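Please put together the full structure from these sequences, using the hints given.
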Amino acid sequence: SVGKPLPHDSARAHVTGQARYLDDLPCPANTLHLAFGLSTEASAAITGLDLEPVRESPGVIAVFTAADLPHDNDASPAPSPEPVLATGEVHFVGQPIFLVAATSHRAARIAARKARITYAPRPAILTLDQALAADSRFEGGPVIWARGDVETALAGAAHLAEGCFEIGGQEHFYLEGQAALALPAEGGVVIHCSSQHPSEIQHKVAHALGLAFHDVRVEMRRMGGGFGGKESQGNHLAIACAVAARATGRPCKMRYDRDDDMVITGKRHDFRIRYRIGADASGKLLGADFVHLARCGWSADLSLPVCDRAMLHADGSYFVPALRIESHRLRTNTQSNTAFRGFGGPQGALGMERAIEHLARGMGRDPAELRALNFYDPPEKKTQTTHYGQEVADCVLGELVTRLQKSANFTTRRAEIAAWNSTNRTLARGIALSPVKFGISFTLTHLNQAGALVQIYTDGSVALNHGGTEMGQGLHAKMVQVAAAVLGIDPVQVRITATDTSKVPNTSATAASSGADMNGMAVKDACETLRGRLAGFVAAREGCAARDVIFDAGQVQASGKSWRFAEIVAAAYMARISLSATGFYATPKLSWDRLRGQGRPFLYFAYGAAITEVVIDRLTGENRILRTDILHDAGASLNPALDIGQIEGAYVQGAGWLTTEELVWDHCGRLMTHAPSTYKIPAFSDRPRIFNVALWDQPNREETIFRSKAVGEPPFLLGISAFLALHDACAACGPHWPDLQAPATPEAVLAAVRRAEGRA
Amino acid sequence: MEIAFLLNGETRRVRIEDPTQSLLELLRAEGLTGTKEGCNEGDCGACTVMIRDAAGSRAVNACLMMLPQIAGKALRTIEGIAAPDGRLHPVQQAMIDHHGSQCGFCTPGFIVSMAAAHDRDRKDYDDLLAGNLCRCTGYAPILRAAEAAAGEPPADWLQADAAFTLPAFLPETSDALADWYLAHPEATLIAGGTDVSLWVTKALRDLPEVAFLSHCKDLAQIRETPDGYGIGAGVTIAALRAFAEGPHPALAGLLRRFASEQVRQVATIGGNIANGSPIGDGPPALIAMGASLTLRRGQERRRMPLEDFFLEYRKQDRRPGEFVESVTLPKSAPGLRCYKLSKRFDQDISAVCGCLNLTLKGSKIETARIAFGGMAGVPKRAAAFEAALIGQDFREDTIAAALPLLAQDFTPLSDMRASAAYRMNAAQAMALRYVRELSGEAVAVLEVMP
Ligand SMILES: Cc1cc2nc3c(=O)[nH]c(=O)nc-3n(C[C@H](O)[C@H](O)[C@H](O)COP(=O)(O)OP(=O)(O)OC[C@H]3O[C@@H](n4cnc5c(N)ncnc54)[C@H](O)[C@@H]3O)c2cc1C
Ligand SMILES: Nc1nc2c(c(=O)[nH]1)N[C@H]1C(S)=C(S)[C@@H](COP(=O)(O)O)O[C@H]1N2
Ligand code: MOS
Ligand code: FES
Ligand code: FES
Ligand SMILES: [Ca+2]
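Quick note, the sequences are listed as chains S and Z, same order.
Counting from 1, one number per residue, gives the positions in the first sequence under the numbering used here.
Counting from 1, one number per residue, gives the positions in the second sequence under the numbering used here.
Incorrect hints may have been included.
Output of the computed footprint for chain Z on chain S, the stretches with three or more beta carbons under 8 Å from beta carbons of chain Z [stated by the list, open to error]:
#1 4–15
#2 105–117
#3 251–264
#4 465–476
#5 672–685
Residues of chain Z placed beyond 12 Å of chain S at every Cβ, according to the derived structure [unchecked claim]:
#6 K73
#7 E79
#8 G138
#9 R314
#10 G362
#11 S363
Okay, derived cross-link-like pairs now, BS3-like style, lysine-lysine, Cα gap no bigger than 30 Å in a straight line [what the hints assert, rightly or not]:
#12 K589(S) with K503(S)
#13 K381(S) with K284(S)
#14 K73(Z) with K202(Z)
#15 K202(Z) with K114(S)
#16 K315(Z) with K114(S)
Worth flagging that the hints you see were computed from the coordinates, not collected in a lab.
The C-beta atom is built at its ideal place from N, Cα and C for all residues, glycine as well.
Listed below in structure tokens is the structure:
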């Protein structure tokens, strides 16, 4: 069943509005609603907290403060604590300080606005520069990795390019907002939430309540969107519902209204990237020195692995004999940043793509040949390594890019564009090619495990359950296919059940694009135990050998006889053979040392490339993507329809990141862009007018579930091509370095058009 | 107060006690969980629902619509898009076949918009779905779906609603309105409700003393006049757009990027003007075309030129008891040209809106109407610029030399949408644009075909 282009497990339910998300669940009439009261100061001690007007607000049942917390007050996914309710001081505009439970969501919000809080303000850190000045940071000092000797290599270099550029953050904008629901359950609780990481929710609620893990169960059936924003920021809502529930004796639901969501939660880390890169006379790179400054917010959250991932990708798609990275994770008084599709990858990768482009303009060379010249070598004495020391034995970029360039009609089109530009004075077209190489697996190694549990009932239908969470990426349909393929039966006989920490325990977040790689293995591991039990049973009965029992297409075959899968199962039942099984998988070959920056942190790399063509208006900066052509490597895809769909969606998400999406804070720390009306994701007409996507179809070298490759995050990096194209268009307006900064909004494109035009 | 309407084929009668509750909440509270809440501010489309009445059917955002408004109408939500026997609508099956959904959460709203478009056979997809955001799919597959379902006979069960109907004040006539407003000067007048509902959903306000103008047929008329067209205050932006396609394409092209189709379907020009926002898109345009506005108080009736209605940021020439009743447009203005500049093209607020109208005496500039929104606390003509322009020749360089006067006409702000420098520079760029366009040159990024 693997390999077929089958619809998402919940297509019909989606399309008829039957699919339920967290806020649609039926709940008892006595359920309370919660809302947080937020700090209005970026940095201050809290001096007075009058909650009386809150308690007196209509419909309000209970009001809570850090001192009401019965046990832990800590939502962080990391060893350093992040309070759920403010403890005597606040650290950003938006930090929750108290909690209201009322008999309605509105009534909660309204009350949450009536407190009288007095603060003692303190100097706030809001800019990287301020942070550096003040030495406000995480990990007590920068992280530095080095291969060979850069300064030596850059001192003796025929060509060289130095530059500095900003990369702004990004808000997830999951259409369904954070949300959770807690139901007292005699002794313990049951939490329903909308999260990519139910085991952590379990862990954090348990600690908040003083309970062993076995008294807290978390179920989660689907999220309307995650993109990394729910790897952890689900912790606050759940903690709050559990605590309210324990205290009021009643079920408690919390959903953030959009504005609150954008003011409380984290975003993709913004970066400042400083680079020096250089090359040979032939064009081979000699070295690259990068410095990364990353804005992380007030608490560490997932900054650590995020910044590690950016370091790990500062090589982009290229072999580089000498390379250095010095990575600052800067603490500031703003929203604590977090995971977002790509998880550091795109920031580090975009750092090297900018550089190499800068280098290319500098030597008057075509960016594409320069890149093509420096890709790691094809596979098949001494294989090249990355700067962290990992052999790169599967780089198909060379072939792939070539193939894309032909299908894309690259060369011809570039000329058509040159001509067209020279004939125009108000508009200018631009086009760029950009490659992608993304490692798969969590860099914190021990998260690379996954479990599953499968059951066959006596009518032959099957219930599959695994640890990943569905957020739209088609995970559930893929596991349905893996199971129906491993048991020999039609997918329609397989039903997926809600993710539930009481069925598969100790799971990792669904993330790092490892959802299908690992859960797929676990599902197969379980399905294979089952099949083994059935073959063993058919074989003894029909006197013959297990390996000769065939399961296929709903039929079982043995010794010339043939039967429906159900009849085999009923007989196994009568013969007393267990029809239930767990499955588990731990990714092999991984091992590396963060501090030294050496090892094999990834199992394999995914690759792809895109060519984007855009146009810009030289008077205002207005602009748009005209056409995109992508060729991406999803291994032997498990579902090409679902893969093509991730790729398309991730592309638009990436280009969104580097064009209209922009976060802005005011002088005092307030987020000004906190609503769709001021934070602008790609809208329907922003889609490319011509959008060709195709898959490279080559099995993975590594032993992954049916030799497929993760396809969730990698494709997000293809959006760089659009930024590279915007920059090609600026470069056509003049002879100077346009120095286009990200996000390339119209104001920013206009600024780069002027520098190039030399008008300042 | 009781209202009635058809809900997904069924007759429904409801006791309104809070006239301000949005349609989105009534619904989810009735268990019609299929309509989702994605922003509660008009931007996402996720709450889109389909209404119908004599004018026909359209898709609108349930989060912006309070109950009183749907009296006498037929309402269709996502749960009623399928046929009673369970057959899926051509748009639903197409979405399944073409993978138009991933997480599913914006799927209803898309399906409802799509179904509405299908019902009237509209095919301008980019404009019809602008107001439905999807963060997961890239949009491509949703287009394939719309295309694929367009070759399918419309759903019969959806058109049968046509046969239907055949605290807070709800006037039926402008006279009834005028009378009552005059007695309750302090009332809150609600037309489309697209700016007011944000006072209750986000600012968490509470509005007593309320009146709905959407049921005054006579306030929502387009009348041909001896010397122009008379546009009632209650005319919706969508309708004003449809009218303008002929005599005022430029204004028509502008209104294309006014919010989304869902908001256009209910927002009113009267409301866009009474709101008095310096970033309104209506005003600048109208002023460049030199229209006029008509206020009214009981039986009295003033009548100034639009630009004169705006005194200062947040303050208008409006009298206690007085309300906007219409605006009047000339029969023609081929010189009009409207420019909107924002971070994103569709469904965005203007950093700057530039409206230009220059009349010529062959090569010479006779009259100059130049308006801007978002350059000041108020929409206003650029006097010093206008002035210096008269009598001069209509060539790029003359304009190039007058630009600086703009820095005297305005001193723009900086904020999250744009920096002052950029705003300024953009107002100036609009001026270069105008000459270049009139001189037949390629200037618009949106007209470039791949
Ligand atoms: C998602 C979204 C996108 C938007 N995009 C744009 C856009 O791009 N451009 C733009 O200009 N605006 C935009 N708006 C706001 C725009 O003004 C409103 O959408 C609309 O034009 C106001 O029309 P209305 O009838 O709904 O005003 P209402 O919300 O009904 O309110 C009008 C305001 O004026 C008063 N009022 C209404 N009618 C009268 C009357 N005739 N006499 C006196 N006072 C009256 C009301 O009491 C209120 O103060 C957008 C809003 C949203 C929700
Ligand atoms: N439709 C949709 N696709 C998505 C997301 C989502 O939130 N919605 N999250 C992404 C992120 S951040 C990851 S890490 C992968 C996870 O997919 P996987 O389970 O197959 O690893 O899905 C990606 N694709
Ligand atoms: O960003 Mo995906 O690692 S949750
Ligand atoms: S909830 Fe987003 S438009 Fe109504
Ligand atoms: S499918 Fe997730 S928002 Fe459209
Ligand atoms: Ca977020």
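Evaluated hints:
no. : hint                 : in the structure
1   : 4–15                 : holds (count 8)
2   : 105–117              : holds (count 4)
3   : 251–264              : holds (count 3)
4   : 465–476              : holds (count 4)
5   : 672–685              : holds (count 12)
6   : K73                  : 20 Å, holds
7   : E79                  : 5 Å, violated
8   : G138                 : 4 Å, violated
9   : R314                 : 19 Å, holds
10  : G362                 : 25 Å, holds
11  : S363                 : 22 Å, holds
12  : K589(S) with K503(S) : 28 Å, holds
13  : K381(S) with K284(S) : 20 Å, holds
14  : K73(Z) with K202(Z)  : 27 Å, holds
15  : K202(Z) with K114(S) : 15 Å, holds
16  : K315(Z) with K114(S) : 29 Å, holds
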